[PDB]
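Only one structure is covered here, and it is reproduced in the block below.
All protein chains of the complex are present and in place, except for one that has been dropped.
Labels run A, B and C following the written order; every chain starts at residue 1.
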Amino acid sequence: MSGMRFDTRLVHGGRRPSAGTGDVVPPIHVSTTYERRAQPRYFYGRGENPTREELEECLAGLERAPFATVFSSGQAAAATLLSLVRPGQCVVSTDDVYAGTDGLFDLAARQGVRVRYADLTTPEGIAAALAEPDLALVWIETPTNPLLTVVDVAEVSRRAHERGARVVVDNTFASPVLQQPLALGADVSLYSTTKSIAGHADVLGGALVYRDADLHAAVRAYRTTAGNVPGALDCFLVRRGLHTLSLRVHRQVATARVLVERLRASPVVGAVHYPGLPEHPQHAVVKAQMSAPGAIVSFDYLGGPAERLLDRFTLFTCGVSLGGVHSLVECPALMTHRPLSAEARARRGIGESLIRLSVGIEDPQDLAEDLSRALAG
Amino acid sequence: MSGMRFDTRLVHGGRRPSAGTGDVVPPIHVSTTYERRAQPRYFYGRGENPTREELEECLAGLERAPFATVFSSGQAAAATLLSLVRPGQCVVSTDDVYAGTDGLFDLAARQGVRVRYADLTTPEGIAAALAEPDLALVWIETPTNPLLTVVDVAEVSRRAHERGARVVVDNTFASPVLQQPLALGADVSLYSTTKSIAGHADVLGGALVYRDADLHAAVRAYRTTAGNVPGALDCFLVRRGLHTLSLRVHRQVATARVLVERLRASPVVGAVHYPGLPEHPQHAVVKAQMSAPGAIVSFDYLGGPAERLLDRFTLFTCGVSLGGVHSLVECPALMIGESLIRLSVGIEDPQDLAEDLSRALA
Amino acid sequence: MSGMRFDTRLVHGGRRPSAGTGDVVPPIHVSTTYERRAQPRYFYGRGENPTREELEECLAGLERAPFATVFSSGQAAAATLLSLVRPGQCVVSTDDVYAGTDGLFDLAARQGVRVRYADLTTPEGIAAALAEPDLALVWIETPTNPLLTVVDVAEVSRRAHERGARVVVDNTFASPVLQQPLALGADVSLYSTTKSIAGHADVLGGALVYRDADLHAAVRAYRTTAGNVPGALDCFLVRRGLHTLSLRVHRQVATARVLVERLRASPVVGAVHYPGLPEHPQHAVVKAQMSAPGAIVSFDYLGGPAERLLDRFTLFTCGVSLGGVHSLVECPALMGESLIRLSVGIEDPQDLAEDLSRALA
Partner (left out) sequence: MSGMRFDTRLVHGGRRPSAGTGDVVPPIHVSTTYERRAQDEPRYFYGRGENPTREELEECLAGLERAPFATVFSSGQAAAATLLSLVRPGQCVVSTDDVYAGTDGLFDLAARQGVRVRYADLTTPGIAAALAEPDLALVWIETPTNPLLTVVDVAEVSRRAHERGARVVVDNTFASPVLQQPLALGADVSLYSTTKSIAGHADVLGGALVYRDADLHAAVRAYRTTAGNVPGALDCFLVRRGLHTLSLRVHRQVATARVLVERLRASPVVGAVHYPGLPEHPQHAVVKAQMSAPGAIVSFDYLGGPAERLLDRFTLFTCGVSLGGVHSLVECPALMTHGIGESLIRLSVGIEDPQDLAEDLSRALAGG
């Protein structure tokens, strides 16, 4: 795939043509076991599988990276990377990370990993955070959920590498269509492929994309031992969804922009959060590192109880997750951030009436009409 | 899905709620049999299946039609419709029809059906064609393969209905994104969903979309008896591909236009066939019945035997079929001049495809 | 697979090695299209598919036959075979065929095929039946549904071939574990693989198994033109179920014998139909052509409306189809008026016997 552009690699990356039969779509390798005398690289499915390898080759290609490793889930990918941090070492992350990531951070702390939360949006926040001794890993999620703030990956990576730390970007929100963490200076891109990469809300998966060969050996050794491998049929569905990733993301972004303007015009809407708004507090950073501002929107609803707003949607689905072809709506205080106390949410800037939209690929006018009907301004 | 626009119907058409569990993507119904005391519409998988029905509901909705029936393949859909023509009756069709369709025509002829091929692009061709006695079915493929000629569906349908005949359009090439045969006056839209509807070259399927309730009973009776039904996992894959149909088709068309301009400037290219060219012999009809001119292109290669060109592609795949995410190239005569080449445009980067095409031609 | 016994062929028949990777289970070929320059037998999925071919090789091997062809369903396999009969020619069939088969016979008749139903259990029935002019096909279902009548395949085949007719046996009920129609002299074995061959009630399929090369060309030409091909994922599920076919059938038969003993001892049961009973009117034929008497049983219920009996089962499932791991019960007249049919699954025989007894009570 040398010289081929992004949209071509989506279709042909890892597409091994089939010797003898010539299948355009590679066959699905379900076998757990391999005949030793018929080859000698394939021994057992937990360690080796061609369908899985083809997906990894495709993902790596999307970032022009030498390596990728896929997992049973996004959580499993994060767990694997975090497992490389030793007791006594430090991970610096931000406060507002994905609840699952925080869940993993809690597990790591109980094994003696130091987790330090920080403000990575200011020079003083960054300097303070990276002053931590034995700093092993800087964990960046950008844009963040659900307030959609962004962290300057290139700048944090520069400062972090001065301290000898590894930098990972959870790039699930943006996808490699919109953001290229390795090109920005990060060491690892982390994905829940469950979201926009597979894109059809019908399979779980995770991925790490990176360039370091020692990291590659460590990641592969842990996956084989921990056994957090995806099934071949799952890899097939992720790979199949991947073909249309740039098509889907481009449509989702265009519709999100339309919905943001509807929200700004509604009398029952307060603050509107979107990386693309000119008045976004980190607009220069968004423009510098995202080719488009994404398909997630959040806003403060002023018109009455959030539960009633959620009940009025007839096209948007009320549920968690994001990135899929079906548009979704949730209220973080009632759903994704319900386990937190009201005081914890207040401290994080997550109001009771904050609403989050994940824009799918439905007709933008249908989505706009459903939103207006629900808002009932 | 009333009031919902096309792209919304692609995502939510037939997206039946799961009571209790609340699944957004409906679960895949693989069971061949059903407990009778637990219900009473479902008896046996060949007759009834919820996953298959959801796909049919989606397809019917894309044409705002009351009925759709899916099949194990496009050929099976065609066979089913053709089975309704009785011995002694006549089918009139476009001359360049799909070889499989012609294969079916040969079978029908051996059953006492009269098959007549005709030029349906002229008023004289149509009048001559539709003068056949016992005319039961007019079989229109438009645009045609591989010269991409176009037939006026509304006009042929008007004349055919005066003779009481049924009109089917094989709408595989254009897809319902670009052409709406029922809205143009046809009685049936026929699809190989194997091509652009499923779109990922990993499943076979067919479909009929139509409005007549008597036709519906006959089509379903034949499918149940002949058993040319698709599997549930196949319906799942077709339905999954359908979500992105308008995304894929719009991209394929945009890139086809880019390739056509590259072809027109190549000195080893002669005639270029594409419904979107201003000088296309039926361009007025294209503008009237297609919302965009499609993703299939054909052209005369002047540089020698087609094999010389075909061996040089490094991104296009040399193989048959069309409509998929992977770009395909073939020589119809090998796989209509000896050096006529047909392109099926996929969703790769247009500049990569244009470079591969230019490299092969040079 | 030469020299390998039946149970081995179930596991390794058509199990083509994967060059390079060495997969023990062959990978699933979903691709509809093939690169021409990368080979040249594979052009398009409706015509050619390695996963489908592997299943066909396995099925042919189970009857030591050169050819097999699989289809989207048992009905499609039957329809394909029926398409070879010309208007004006005659098909002779057993009177007790599958309802779907009767549906196909009606379709064929509306195209000018003559269908004659006959008693193929007596010498006079056979002689009368096979006297039809232009006899093209003799259609044997044995044991029959739902009365479990049995037809002597070797004898009918002998007489039919004298008349130049082709003989097909619908071998769905028995499966190739219990009955081998080609070895008995028939020309074609027909299967709904939907039933015991796939065995898990989760995929539709059909198959024809035969030896004639001209028939092969005709069958494949029709399948390609009619497009009644199965998908690769479906072929995968059928092939996967096939591994355990003899294990499942042996268990089902053993349990069926226990249930038959229960039925015969019930005061609310009249006639009991089962090929293995000494008093079955064709028991000598059963002993000569079936290695075991099958897993299907039917009987007359005398205790009241069939619906009342059906409602009382708590383990048997009330539904159509047969051959699967789940035991099924149906009333043919609703789905004599009081005839009940059992399809025995692989549950514990004592659990199934208790359920049947509670229901009859």
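One rule holds in what follows: a contact is a pair of C-beta atoms (placed from the backbone, for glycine too) under 8 Å apart; a residue touches a chain by one contact, two chains touch by 3 or more.
Checked against the full complex, the one of A:46, A:283 or A:345 touching the unshown chain is A:46.
Within the set C:52, C:223 or C:251, the residue that contacts the chain not displayed is C:251. Touch with the chain omitted from the figure is made, among A:296, A:328 or A:350, by A:328. Set against the missing chain, the residues A:152, A:234 or A:362 yield one that touches it, A:234. Although one chain is not drawn, the whole complex shows that of A:206, A:332 or A:364 it is A:206 that touches it. Those residues of subunit B that touch the chain absent from the view are 17-39, 41-42, 50-51, 236. Within the entire complex, the positions of subunit C that touch the omitted partner chain are 4-8, 10-12, 22, 24-25, 200-202, 240, 243-244, 247-248, 251, 315, 317, 319, 324-326, 345-348, 350-352.
The missing chain lies against subunit A, touching residues 30-37, 43-46, 71-79, 87, 100, 103-104, 107, 111-112, 194, 201-204, 206, 224-231, 233-234, 310-311, 317-321, 324, 326, 328, 335.
In this section, only the chains that are shown with their structure count from here on.
Centre-to-centre separation between subunit A and subunit C, using Cα means, comes to 51 Å. Mean C-alpha position of subunit A lies 37 Å from that of subunit B. Across the assembly, subunit C contributes residues 30-37 that each touch 2 or more other chains.
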